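Heads up, the thing below is written out as structure tokens.
A single protein chain has been omitted; all remaining protein chains appear in their positions.
By written order: A, B, C, D and E. Residues from 1 in each chain.
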Amino acid sequence: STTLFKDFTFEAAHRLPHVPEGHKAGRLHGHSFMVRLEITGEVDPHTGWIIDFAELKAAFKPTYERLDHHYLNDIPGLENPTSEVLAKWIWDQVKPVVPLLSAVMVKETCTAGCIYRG
Amino acid sequence: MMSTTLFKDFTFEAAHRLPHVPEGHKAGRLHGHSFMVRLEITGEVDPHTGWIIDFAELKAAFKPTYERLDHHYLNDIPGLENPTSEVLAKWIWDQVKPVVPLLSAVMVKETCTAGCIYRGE
Amino acid sequence: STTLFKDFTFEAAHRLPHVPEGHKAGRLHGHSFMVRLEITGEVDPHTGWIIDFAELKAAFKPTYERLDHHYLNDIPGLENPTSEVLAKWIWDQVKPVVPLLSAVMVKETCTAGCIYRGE
Amino acid sequence: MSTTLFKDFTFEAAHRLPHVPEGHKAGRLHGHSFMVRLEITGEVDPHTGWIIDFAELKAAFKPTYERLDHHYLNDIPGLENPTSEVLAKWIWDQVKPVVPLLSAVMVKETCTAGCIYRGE
Amino acid sequence: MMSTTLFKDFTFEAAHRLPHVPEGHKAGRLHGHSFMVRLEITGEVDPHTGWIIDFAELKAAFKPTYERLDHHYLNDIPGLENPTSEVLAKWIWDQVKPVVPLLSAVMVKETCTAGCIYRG
Partner (left out) sequence: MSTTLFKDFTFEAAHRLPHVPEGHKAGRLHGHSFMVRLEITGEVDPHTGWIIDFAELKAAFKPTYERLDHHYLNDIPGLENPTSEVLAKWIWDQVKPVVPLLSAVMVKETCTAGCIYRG
């Protein structure tokens, strides 16, 4: 048994609709968002891996393309695009494709983030 | 386990020395580091806010402790007479857990390549 | 002389209005922008510095707070908010209050950037 | 309650993956700047205020580190299929006997891709 | 002088070995690195596009050379029989300058802490 992870960065705009009126997050802004997908499972004795890192990247690509260079709030389910909401939303998009998914981390900035484990 | 965790990272610039190491050990000399602290909290996400707590509330809760550490000599702070990573991590937990009840871990990195994670529950 | 620099990070939305339909930069998006301010000058013999890093931060603060947590295209002069335009714009905003400014770098992502020198 | 210590090491090596399909890039001879994080979990001594000195963990790993660094991994027995997963297991198997409090080994082949192994 | 410069960074994973170091020198054993290459260009900013050239255009121009380097053994590429950072930075300049006429410098880093800049 082991864990594997792969990291991705996407460039997007968002705003938080439910913060108080003068809160900076309530203004239209953006971030270089980092996403880490983590899987946990058994290592195949012939391949020597769980799945190819490239399969994890390929599995994310359709979701990446929806998020990257986009305004998140216009995506159904991301009307309140906090890191927490986004981590769970990503889990829900990728879990069908990556059944070994064990954690999704979203970082809005280099110093803050959240980790969702479904 | 199933969970949702939030974390926020802070950096502070401080001097320390380790008082119990062998004579001549480099840690025994007055020196310092760019310390990194990561506070992690575990909780439920409110359906209206969409968050556990605002990152800014975490930063504000930590501020008093942060200001005691930054641009200071750690050995002068009570509880930090032996200011190892491990001692500092637990000390920070003890200071913060009262104002951040959902605190689940404290990480302290003395350098970019070496550190400690403390879970106090 | 000696050169000093300091890095600032701001979180902002932008959109490039003059790219072809379909170009990714033409959609409303954002980045965590990095700005490096570089200054060059004489080190005072008594202070041991050119200017305090904090004095540089304070000088930039007004301009920083126009950029951070904002949509760049709404700022006059940033209607086409490329890295190149933004670096020159920051130079033009900051040079009056930091006469020793020698270069401005803007990075939209960690792996690329622009450097402008206005003299 | 628990305390975990960790230290990161970087080594410069070549490898190739022998069991990937014909034209897979990882099947060609190449290399990486590999990063290894060793994590320890255990009691912190009330006198020393640490689990063990970072320097002692470095020393414990040094023999294995020197086998890896500036080498071709496939040549090392046990690393004939030197995936991140296999390497992390292998490092654990070398280091656990010297550092019984070892609780995880992370290997990153690149800055964006990695695996964490936590024992058998 | 008054000027605008752009740069973009690319990382490739490759093996190399230095053939002219003394027997025993670590760099003379087959090994590898996650190499970083930065291309710097300088030119006028077009008043319509607001840019010198699109970052994507610089990436595209470099791709053929990038593909020769990534997931390969450098010593087997003609011109890179002695694949030092110095030699590699110049070799990259020679490959890229014809397709990126605004190219002003090439940086190679073999590790995160050591590298070389060539200006032609």
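Note that a contact is a pair of C-beta atoms (placed from the backbone, for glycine too) under 8 Å apart; a residue touches a chain by one contact, two chains touch by 3 or more.
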Touch partners, limited to displayed chains, of the chain removed from view: B, C, E
From B:6, B:27 or B:103, residue that would touch the chain that is not displayed: B:27
Hidden-chain contact residue, picked from the options C:22, C:48, C:76 or C:96: C:48
Residues in chain C touching the chain absent from view: 2-8, 43, 46-50, 52-53
Touch list for chain B against the chain that is not drawn: 11, 13-16, 26-27, 29-34, 70-73, 110-112
For chain E, the residues touching the chain missing from this view: 18, 20-21, 27, 82-87, 89-90, 112-120
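In the analysis below, only the chains that are shown with their structure count from here on.
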Graph distance between chain C and chain D, where chains that touch are linked: 2
Touching both chain A and chain E (chains): C, D
Chain nearest the overall C-alpha centroid of the shown protein atoms: A
Far-end chain from chain E, centres as C-alpha averages: B
Rounded Å distance, chain B centre to chain C centre (Cα mean): 32
Where chain B and chain D are represented by their mean Cα positions, the distance between them in whole Å: 26
Junction residues of chain B - those touching two or more other chains: none
Touch relationships between chains, expressed as pairs: A-B, A-C, A-D, B-D, C-E, D-E
